[PDB]
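Asks: One-letter residues, chain by chain:
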Amino acid sequence: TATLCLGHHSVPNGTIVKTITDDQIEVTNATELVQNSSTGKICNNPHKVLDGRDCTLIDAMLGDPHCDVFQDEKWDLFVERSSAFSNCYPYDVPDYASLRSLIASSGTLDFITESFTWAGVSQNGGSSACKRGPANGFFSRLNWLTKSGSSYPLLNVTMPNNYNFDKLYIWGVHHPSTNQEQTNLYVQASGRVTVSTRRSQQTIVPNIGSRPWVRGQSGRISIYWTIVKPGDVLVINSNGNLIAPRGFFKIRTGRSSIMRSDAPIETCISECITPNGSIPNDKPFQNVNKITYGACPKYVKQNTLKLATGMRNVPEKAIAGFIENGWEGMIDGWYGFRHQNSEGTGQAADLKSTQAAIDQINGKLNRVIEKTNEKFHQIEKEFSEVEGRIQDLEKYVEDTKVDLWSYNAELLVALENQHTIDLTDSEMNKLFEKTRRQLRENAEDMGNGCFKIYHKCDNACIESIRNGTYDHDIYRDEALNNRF
Amino acid sequence: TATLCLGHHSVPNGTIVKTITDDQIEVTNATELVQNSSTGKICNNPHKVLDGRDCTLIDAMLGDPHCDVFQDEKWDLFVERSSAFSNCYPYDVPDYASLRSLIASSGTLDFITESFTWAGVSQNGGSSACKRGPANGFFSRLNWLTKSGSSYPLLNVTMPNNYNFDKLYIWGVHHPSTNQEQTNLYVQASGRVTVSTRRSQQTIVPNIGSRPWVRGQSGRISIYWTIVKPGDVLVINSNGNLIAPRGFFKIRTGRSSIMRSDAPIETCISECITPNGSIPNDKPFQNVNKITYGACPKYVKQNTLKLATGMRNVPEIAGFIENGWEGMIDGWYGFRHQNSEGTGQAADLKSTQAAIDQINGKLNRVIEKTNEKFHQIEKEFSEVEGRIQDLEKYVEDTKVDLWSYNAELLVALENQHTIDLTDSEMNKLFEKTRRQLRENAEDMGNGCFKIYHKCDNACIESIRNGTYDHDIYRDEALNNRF
Amino acid sequence: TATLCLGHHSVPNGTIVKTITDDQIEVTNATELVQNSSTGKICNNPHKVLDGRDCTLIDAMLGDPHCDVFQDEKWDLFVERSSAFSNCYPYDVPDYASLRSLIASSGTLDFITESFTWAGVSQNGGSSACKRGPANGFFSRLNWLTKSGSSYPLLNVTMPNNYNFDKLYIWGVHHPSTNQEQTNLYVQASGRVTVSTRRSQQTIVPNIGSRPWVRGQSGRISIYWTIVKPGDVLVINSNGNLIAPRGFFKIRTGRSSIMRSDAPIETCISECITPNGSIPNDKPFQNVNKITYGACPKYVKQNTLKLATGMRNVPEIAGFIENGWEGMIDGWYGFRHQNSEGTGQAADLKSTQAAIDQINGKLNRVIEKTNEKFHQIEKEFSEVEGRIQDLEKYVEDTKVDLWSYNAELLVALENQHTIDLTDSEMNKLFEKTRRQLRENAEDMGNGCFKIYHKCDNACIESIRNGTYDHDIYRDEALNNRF
Ligand SMILES: *[C@@H]1O[C@H](CO)[C@@H](O[C@@H]2O[C@H](CO)[C@@H](O[C@@H]3O[C@H](CO[C@H]4O[C@H](CO)[C@@H](O)[C@H](O)[C@@H]4O)[C@@H](O)[C@H](O[C@H]4O[C@H](CO)[C@@H](O)[C@H](O)[C@@H]4O)[C@@H]3O)[C@H](O)[C@H]2NC(C)=O)[C@H](O)[C@H]1NC(C)=O
Ligand SMILES: *[C@@H]1O[C@H](CO)[C@@H](O[C@@H]2O[C@H](CO)[C@@H](O[C@@H]3O[C@H](CO[C@H]4O[C@H](CO)[C@@H](O)[C@H](O)[C@@H]4O)[C@@H](O)[C@H](O[C@H]4O[C@H](CO)[C@@H](O)[C@H](O)[C@@H]4O)[C@@H]3O)[C@H](O)[C@H]2NC(C)=O)[C@H](O)[C@H]1NC(C)=O
Ligand SMILES: *[C@@H]1O[C@H](CO)[C@@H](O[C@@H]2O[C@H](CO)[C@@H](O[C@@H]3O[C@H](CO[C@H]4O[C@H](CO)[C@@H](O)[C@H](O)[C@@H]4O)[C@@H](O)[C@H](O[C@H]4O[C@H](CO)[C@@H](O)[C@H](O)[C@@H]4O)[C@@H]3O)[C@H](O)[C@H]2NC(C)=O)[C@H](O)[C@H]1NC(C)=O
Ligand SMILES: CC(=O)N[C@@H]1[C@@H](O)[C@H](O[C@@H]2O[C@H](CO[C@]3(C(=O)O)C[C@H](O)[C@@H](NC(C)=O)[C@H]([C@H](O)[C@H](O)CO)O3)[C@H](O)[C@H](O)[C@H]2O)[C@@H](CO)O[C@H]1O
Ligand SMILES: CC(=O)N[C@@H]1[C@@H](O)[C@H](O[C@@H]2O[C@H](CO[C@]3(C(=O)O)C[C@H](O)[C@@H](NC(C)=O)[C@H]([C@H](O)[C@H](O)CO)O3)[C@H](O)[C@H](O)[C@H]2O)[C@@H](CO)O[C@H]1O
Ligand SMILES: CC(=O)N[C@@H]1[C@@H](O)[C@H](O[C@@H]2O[C@H](CO[C@]3(C(=O)O)C[C@H](O)[C@@H](NC(C)=O)[C@H]([C@H](O)[C@H](O)CO)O3)[C@H](O)[C@H](O)[C@H]2O)[C@@H](CO)O[C@H]1O
Ligand SMILES: *[C@@H]1O[C@H](CO)[C@@H](O[C@@H]2O[C@H](CO)[C@@H](O)[C@H](O)[C@H]2NC(C)=O)[C@H](O)[C@H]1NC(C)=O
Ligand SMILES: *[C@@H]1O[C@H](CO)[C@@H](O[C@@H]2O[C@H](CO)[C@@H](O)[C@H](O)[C@H]2NC(C)=O)[C@H](O)[C@H]1NC(C)=O
Ligand SMILES: *[C@@H]1O[C@H](CO)[C@@H](O[C@@H]2O[C@H](CO)[C@@H](O)[C@H](O)[C@H]2NC(C)=O)[C@H](O)[C@H]1NC(C)=O
Ligand SMILES: *[C@@H]1O[C@H](CO)[C@@H](O)[C@H](O)[C@H]1NC(C)=O
Ligand SMILES: *[C@@H]1O[C@H](CO)[C@@H](O)[C@H](O)[C@H]1NC(C)=O
Ligand SMILES: *[C@@H]1O[C@H](CO)[C@@H](O)[C@H](O)[C@H]1NC(C)=O
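Chains as they are written, first to last, in the deposited numbering: chain B, 12 to 328, 336 to 502; chain A, 12 to 327, 337 to 502; chain C, 12 to 327, 337 to 502.
I should point out that these hints are in silico values taken from the structure, not numbers from a laboratory.
Some clues are possibly wrong.
Stated by the list, open to error - Below, computed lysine-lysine pairings styled on DSS-like, alpha-carbon distance capped at 27 Å:
no. : chain 1 : residue 1 : chain 2 : residue 2
1   : A       : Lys413    : B       : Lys309
2   : B       : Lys261    : B       : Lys59
3   : B       : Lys470    : C       : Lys452
4   : C       : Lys240    : C       : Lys312
5   : B       : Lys52     : B       : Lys393
6   : A       : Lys29     : B       : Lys317
7   : A       : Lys59     : A       : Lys85
8   : C       : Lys301    : B       : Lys29
9   : A       : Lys294    : C       : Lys312
10  : A       : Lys389    : C       : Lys393
11  : A       : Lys470    : A       : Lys85
Given only the sequences and the hints, what does the whole structure look like? Please build it.
Replies: As structure tokens, then:
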């Protein structure tokens with residue numbers, strides 16, 4: 012007689028993954044789905060990255076003397092270092108984060124100088140706190156108006172928007188330290204600034220008081236901004252304490268943003284940038300940072316997620339079959355035959371089952387979750403000062419999103435591993451059943467996954483069984499006689 | 012001898028859907044799950060849709076002269092047209108969005124006139140920028156108080172809340188253009204308005220300065236509001252530049268809202284309203300607009316999602341092993357027998373009924389029917405603001421992405437399970453038929469049985485119903501087989 | 012001859028659960044996954060719970076005379092009762108919620124007194140609205156400065172931060188009701204208060220006007236705060252209307268928070284606290300409240316979610341084909357045999373243990389055990405505000421919807437897979453039993469085998485254990501069959 016057995020390959024080094032019904036199970040191969048490291052360098056392609064060096068974006072916009080190399084610049088991502096400082100007149104911006112976000116999202120620092128007429132006042136003031144070389148200076152985009160002689164007239168100027176784009180105007184108000192200083196600079200005992208368009212209005216009254224010395228000055232300047240639509244008009248009215256603008260900024264809509272990072276910038280290519288540095292985006296999930304720019308993987312809390320890419324691994328213990343056994347000596351494929359004949363032993367592989375299993379395994383996780391999400395400008399996710407309600411709301415939103423996506427990742431990985439194991443087992447069972455249906459009554463199953471053939475099955479007989487053309491009528495009578 | 016086969020129906024045309032393990036599979040029937048179109052019109056039932064032709068909600072509340080038809084109105088949805096304009100004295104409202112939102116959510120414009128006594132001043136001021144016919148006018152819900160003769164005394168009035176519902180008051184402050192104008196309207200050179208209750212207070216100082224001309228005026232008016240709880244009191248203390256109220260609005264709690272849409276309104280019934288128009292809600296997901304009012308499907312980014320409702324389609337006596345049966349139209353499963361009398365065909369009922377039962381009603385065990393949402397956040401903006409707009413955009417983006425992922429995964433899972441259950445049902449029927457035929461039959465290898473005894477039409481029927489007796493023909497089958 | 016049958020246990024009463032493909036399927040055992048009840052009490056272990064009684068957090072911080080017990084206190088959770096009240100000078104806090112949340116998250120009321128020097132003014136002012144026994148008083152942490160003699164000079168003091176932690180300063184501005192009161196209290200007809208650091212500055216000009224009487228007073232006080240980082244400095248400049256601070260608070264970072272609740276506090280141990288009371292956290296989900304502190308389950312909209320633990324329940337020698345074994349108590353899977361000597365019954369250990377070990381520890385593979393969340397946004401509001409309240413409500417509603425959907429889908433998937441695994445285990449046991457009997461038995465159609473040779477108790481036990489040798493009965497069985 013003859014013996015025919017079926018089995019599957021196995022490997023000496025297995026990987027442990029988790030499924031729906033198994034917490035631990037060993038497979039022949041698995042791949043990592045979470046990116047948990049970075050090179051620590053920021054790549055300069057294909058995005059346009061502008062190193063801030065020792066300048067913030069607001070100080071570069073205003074015209075700090077040591078930030079004058081940042082004039083008419085453009086960027087895709089602005090990188091702010093933690094060593095930046097300010098070296099001009101002390102100032103503060105009410106609603107600072109909104110202005111910073113607006114400038115960062117605009118994506119350019121194009122400035123157009125306009126002709127404002129201020130009559131009866133002196134222009135181009137300065138201070139010893141803002142030194143342009145040996146001489147006193149000021150912000151290059153602002154104009155410090157002061158009295159001329161002994162009079163400060165009421166200022167009333169206008170400027171229409173005859174262009175077809177929006178304009179952004181940056182102006183300010185000065186807070187003197189004493190009444191004497193106020194009257195020495197601006198003749199009136201109480202100034203007032205009003206800047207308005209046909210749809211909005213802002214009016215400020217300066218405050219007088221002593222403040223801690225910053226570069227020798229105990230006064231402050233408050234910075235405000237205004238946007239003028241096409242076909243609109245701007246009117247500036249004031250009788251003191253005005254830091255007049257010199258022009259407008261072109262404001263656009265685009266995919267620019269700003270990021271605080273201390274990582275160096277090198278020469279390389281990477282489509283995803285994090286404060287830790289650029290990371291590859293070939294994996295669906297990332298664990299490096301939750302602040303990202305470009306095409307980046309989703310942030311999950313888990314540091315490792317193994318996706319099974321092979322069948323279950325069973326070690327090998336008179337040949338046997340796939341029942342509680344593996345075939346470590348099989349390298350031509352996944353499933354195959356092993357026949358003990360009168361001539362001698364042999365081994366072959368089945369290609370259709372292996373190809374079907376691989377074609378089902380390959381390309382997985384591209385049917386449920388998309389390739390990558392492209393996000394450019396978002397909310398702030400790290401804070402250095404306490405604020406209250408809005409900071410709590412932002413933290414809550416971010417935490418909720420992170421938790422939900424982590425749960426989704428874990429559940430998806432478990433489901434896919436379960437289905438992979440199921441399909442491999444089903445493929446082995448289908449091969450066994452097809453072989454059984456081939457041998458109508460010339461065979462009998464021992465139970466170890468092996469068939470025994472009661473007639474003389476030569477090598478041609480085995481090969482015909484493998485191909486699918488074996489005929490039971492030729493050996494029917496002989497096998498029936500041998501069985502009984 | 013005879014031959015008995017089992018098979019399943021097939022169709023000339025089949026749809027392509029996707030499962031967990033298959034990129035593209037073909038089935039006999041499928042349904043679409045995403046609603047991606049609208050009629051372009053808004054239905055006026057069963058909700059109450061109020062159309063604001065040339066008026067905004069704030070203009071209709073304040074009493075713009077051309078918005079006088081919107082007095083004492085009620086609505087479920089207020090539709091704001093893009094052609095609305097203002098035709099009265101220029102004004103601006105700090106935190107305009109909050110007042111607009113709460114007025115819209117209140118759902119009514121009921122106004123009650125109160126008896127306010129202003130001693131020493133002159134009431135019912137007007138301006139040429141707000142004409143009520145040929146004569147100068149003003150907002151109908153506000154009172155412009157100026158000097159009488161040559162004096163403007165200090166106003167100090169009180170108004171108790173003896174009812175059991177909230178009161179909403181709307182007042183204002185006037186910002187003149189010149190110091191001369193300020194002195195000519197109000198005797199004092201610096202006005203002040205203090206409106207306060209027992210738990211809150213607001214004080215505003217008018218600011219003088221030139222402004223762009225709007226209908227001939229360089230001044231402006233700022234609008235504020237106050238809510239007085241039952242048992243609380245209101246005190247208005249002013250020195251000048253006060254735009255007094257004439258009464259209070261009855262504010263409420265409800266499910267009203269406001270929408271921006273240019274779609275026309277026609278006569279029909281629909282529970283879902285979108286700015287593109289009303290849409291039906293017989294599908295779980297939609298792709299029209301993420302701003303919705305009523306019982307509406309969920310918004311997803313995918314434009315199509317197909318759900319399988321039939322078996323896998325396999326092109327084509338033979339069995340069910342890679343072989344379809346185009347000639348089966350009375351069911352999904354059945355038998356084909358080739359006998360001496362002739363060929364025959366019948367359909368099974370238990371398996372088909374089980375398949376229909378397990379297929380019908382899917383997507384209802386997991387997801388709900390619909391969700392009713394009435395008032396939400398704003399999702400489209402016309403001006404750049406900064407922090408809050410960014411936060412709102414972030415929240416909406418997160419919600420949309422998560423729901424799209426959920427929809428995709430659910431559709432894939434249910435397609436996979438439908439295919440699996442159909443195949444399992446077919447295999448179960450074949451196994452039961454084998455189990456009936458104890459030793460009188462043999463598996464031919466293509467999904468067919470070859471019977472070794474005389475099995476006429478009555479014998480086929482006995483096999484089909486489940487009363488086949490193997491013992492009767494056992495000896496004959498054994499003699500024939502061996 | 013003999014008959015061997017294979018079956019599974021059934022129970023007199025079962026539970027109905029839902030799966031992906033079945034609306035209502037009865038199972039032998041199920042468990043509840045949603046906690047929907049509480050004892051109505053708050054446990055004081057292991058968290059430190061501080062009872063606010065009739066004092067709010069702001070009143071305790073400021074130094075209200077009836078809130079003097081709460082001086083220098085520490086907490087993990089602060090409970091604010093609904094019967095709190097104020098008994099001092101009327102006041103208001105601009106941006107009240109942020110200060111309240113900051114103080115609650117700081118978790119301590121540790122106050123350190125500093126030595127300020129106010130030259131030329133009178134200190135320690137009081138009022139009849141804030142009584143300390145017979146005498147008049149004020150907030151214990153604030154200093155009320157007025158004129159001394161007939162002059163109020165320009166106050167300009169400084170205080171540096173030489174420590175290694177932040178400082179929190181609380182100060183105020185007084186709003187007089189009349190010009191005469193302003194002039195009498197402070198010489199200047201218009202005061203001003205400026206408080207600044209090297210990176211921030213605030214200036215408030217007091218308002219003037221009448222307000223509703225609160226405890227005999229018609230003037231108000233506004234409360235502001237300033238944080239000084241290490242290495243910074245504070246300057247207080249004022250010429251009138253200053254409510255001076257007496258020191259600083261130590262602000263920390265931790266896991267403290269604040270709650271509104273009326274439930275009493277008893278001696279018990281629990282890790283989850285809700286406004287309804289404490290709830291156990293042994294279930295993955297809960298339905299009591301969406302405001303929690305500590306290690307608590309997740310909030311879902313569903314009050315019941317049943318998880319299948321046993322097999323499907325089938326009503327009741338025969339096999340497992342549409343038949344149960346109500347008399348089976350030794351295990352889940354086993355054999356029955358009818359021999360010449362008599363009937364019998366046994367239970368298998370391998371299959372039962374495999375089913376138990378696969379089912380035991382389930383639902384822990386996907387979801388995390390517990391999540392610890394301490395301080396979060398506000399989820400209930402008493403007054404309408406507008407934009408921010410709408411955004412917060414939207415965020416919470418979105419989160420609740422998403423987590424409820426996740427819970428539903430997870431439970432359905434787990435139930436389906438449990439049913440499938442039990443069925444597959446039974447089928448595998450049947451297939452192995454058939455696999456032992458190569459040609460000495462024939463399937464009878466109801467899950468039972470007809471053994472065609474004399475199979476005594478030893479032969480049955482050999483079949484059960486896996487040592488059955490078919491050869492020695494092969495000839496006898498073959499002779500019997502044909
Ligand atoms: C209201 O109250 C505030 C605070 O009390 C007052 O503000 C102070 O004003 C004084 C002078 O107006 C400031 O003192 C000045 O400080 C300068 C910087 O000091 C720093 O740097 C030095 C050197 O690096 C350090 O040693 C020092 O510790 C500080 O860290 C000094 O450079 C100034 O020097 C002047 O005096 C010396 C005296 O010999 C001369 O040699 C110098 O040439 C120069 O003339 C000066 O000492 C003080 O810093 C301010 N305080 C704060 C906190 O900033 C307001 O003046 C007060 N308002 C009114 C109206 O009086
Ligand atoms: C501070 O600075 C601001 C801005 O610079 C000044 O505001 C200007 O005020 C003047 C009036 O003093 C405004 O001029 C008026 O404009 C009206 C609207 O113009 C539109 O309509 C006309 C006619 O349809 C069009 O031709 C024109 O292109 C506009 O589309 C005019 O209707 C007014 O006409 C009046 O004057 C003429 C003069 O002959 C008379 O014949 C008319 O009958 C009528 O009386 C007038 O021209 C101007 O628009 C304002 N500017 C802005 C930007 O708003 C402040 O006056 C100034 N304040 C101080 C104290 O200096
Ligand atoms: C601007 O307008 C406001 C409001 O119109 C004025 O505020 C009012 O000021 C008066 C004082 O002139 C307040 O009157 C006082 O009210 C106290 C509280 O009343 C409670 O208690 C009484 C009985 O105890 C109840 O009947 C009442 O309903 C309240 O529950 C009274 O206790 C005071 O009593 C004093 O006068 C009586 C006179 O008979 C004496 O018998 C008493 O012993 C005591 O001396 C007093 O009546 C009034 O409450 C204020 N209104 C509000 C709403 O607060 C401003 O004064 C005004 N400003 C200017 C500049 O005109
Ligand atoms: C307006 C002016 O020129 N005033 C002169 C005084 O400043 C001056 O002497 C010295 O002034 C110092 C502060 O002076 C400046 C400064 O910051 O250096 C001088 C700047 O010109 C002035 N800027 C403008 C635009 O006017 C600036 C400003 O007044 C304030 O600083 C704004 O807060 O002040 C410093 O106090 C020295 O200690 C002082 O000696 C006197 C000398 O006689 O002449 C004035 O004309
Ligand atoms: C107070 C008053 O009636 N003053 C008279 C002047 O108005 C008047 O001349 C004309 O004034 C025009 C601006 O006038 C109004 C307006 O806008 O129509 C008149 C309104 O009565 C007044 N409203 C109130 C409540 O006082 C309104 C108000 O002052 C401003 O709109 C506030 O910003 O102004 C316009 O300038 C014409 O060009 C002018 O001729 C003179 C005529 O002699 O008499 C004044 O008594
Ligand atoms: C400043 C002072 O002492 N003024 C005395 C008057 O208050 C006073 O008579 C009674 O004043 C009552 C209001 O008085 C107090 C109060 O609230 O009880 C007195 C407090 O000392 C004072 N607090 C401070 C820090 O100065 C407080 C304050 O002035 C305001 O209330 C703040 O809003 O007022 C009440 O009006 C009685 O009706 C009145 O008789 C007269 C008596 O001659 O003497 C003043 O010195
Ligand atoms: C990427 O950068 C982030 C910066 O936030 C790192 O996260 C910090 O890691 C340090 C190291 O222990 C902790 O002390 C901080 O608390 C972490 N911050 C936060 C917000 O989590 C992160 O470790 C970096 N990752 C890599 C791979 O470099
Ligand atoms: C419903 O109307 C909205 C308008 O708000 C349409 O959305 C715009 O569609 C155009 C064309 O694709 C885009 O260029 C715009 O960017 C869309 N606007 C926004 C805010 O996304 C929407 O396509 C309409 N839907 C249907 C079915 O007609
Ligand atoms: C736990 O406490 C909350 C307190 O809000 C209860 O929720 C309220 O329940 C009543 C009863 O019908 C409703 O009228 C309110 O509208 C509910 N409030 C909110 C904000 O939803 C809740 O029922 C309590 N649960 C238990 C188990 O005691
Ligand atoms: C394991 O799978 C990865 C991709 O899934 C493949 O690149 C690798 O060659 C596989 N390993 C083996 C030993 O086949
Ligand atoms: C496909 O299924 C729908 C219901 O799900 C049914 O109305 C339709 O008739 C089916 N298609 C065919 C061709 O029968
Ligand atoms: C049902 O299962 C629970 C645990 O899952 C167990 O404690 C209980 O005893 C079971 N019920 C029966 C009747 O065995």
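Asks: Against this structure, judge whether each hint is valid.
Replies: Each hint, compared with the structure:
A threshold of 27 Å between alpha carbons decides the hint, and for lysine 413/A with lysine 309/B the separation of about 18 Å falls inside it, so the pair holds. For the given pair, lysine 261/B sits about 19 Å from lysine 59/B by alpha-carbon distance, which is consistent with the 27 Å threshold. A C-alpha spacing of about 18 Å is found between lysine 470/B and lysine 452/C, which places the hinted pair at or below 27 Å, so the restraint holds. Our distance criterion of 27 Å between C-alpha atoms is broken by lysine 240/C and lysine 312/C, whose separation comes to about 45 Å.
Under the criterion of a C-alpha separation no larger than 27 Å, the hint pairing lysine 52/B with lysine 393/B is consistent with the structure, at around 20 Å. Proposed proximity of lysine 29/A and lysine 317/B is supported: the alpha carbons are some 24 Å apart, at most 27 Å. This hinted pair checks out: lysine 59/A and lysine 85/A have alpha carbons roughly 8 Å apart, not beyond 27 Å. Between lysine 301/C and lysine 29/B the CA atoms are separated by roughly 32 Å; this puts the pair beyond 27 Å, and the hint is violated.
Between the alpha carbons of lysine 294/A and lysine 312/C the distance comes to roughly 22 Å, so the proposed pair stays at or under 27 Å and holds. For the hint pairing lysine 389/A with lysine 393/C, the CA-to-CA distance comes to about 32 Å; that exceeds 27 Å, so the pair is violated. Restraint check: the Cα-Cα separation between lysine 470/A and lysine 85/A comes to about 78 Å, which exceeds 27 Å; the hinted pair is violated.
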